[PDB]
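A short write-up of the structure that comes next.
Rather than the whole complex, this shows some of its chains in their spots.
Lettered A and B in written order, each chain numbered from 1.
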Amino acid sequence: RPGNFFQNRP
Amino acid sequence: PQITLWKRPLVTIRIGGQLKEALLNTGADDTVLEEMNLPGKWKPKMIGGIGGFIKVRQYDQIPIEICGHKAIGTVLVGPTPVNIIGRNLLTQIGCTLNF
């Protein structure tokens, strides 16, 4: 199940 | 509080009058909530994650209460798998990492 919630701008 | 990381660091938030569960995420620049209605104007934006880029709606200056602490700032709404509280709001509530 999805498990890597890295997030970058924009 | 002090939160260890054996399980996902989930907390209750209140936003636009409603309660939701969100993940405290030091790996996110921004706060991203699952599709929902929020009042006021928004702009289209794109953001990136592990799998690539998605389109979101950017709402500015939105009040949110996170595990009892008040924040007011930018909230992105879009097809994230889970509600995520990112650094933009983690800094408002005084969050640090410690080891």
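Just so it is clear, contacts are C-beta pairs under 8 Å (C-beta built on N, C-alpha and C of every residue); 3 or more make two chains touch, one makes a residue touch a chain.
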Item to check | Overall stoichiometry - one representative per chain kind is placed in view | outcome: A x1, B x2
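Rule of thumb we're sticking to: only the chains that are shown with their structure count from here on.
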Item to check | In the complex, subunit B residues that touch subunit A | outcome: 23, 25, 27-30, 32, 45-50, 80-82, 84, 86
Checklist outcome for this item: Contacts from subunit A onto subunit B in the complex sit at residues 2, 4-10
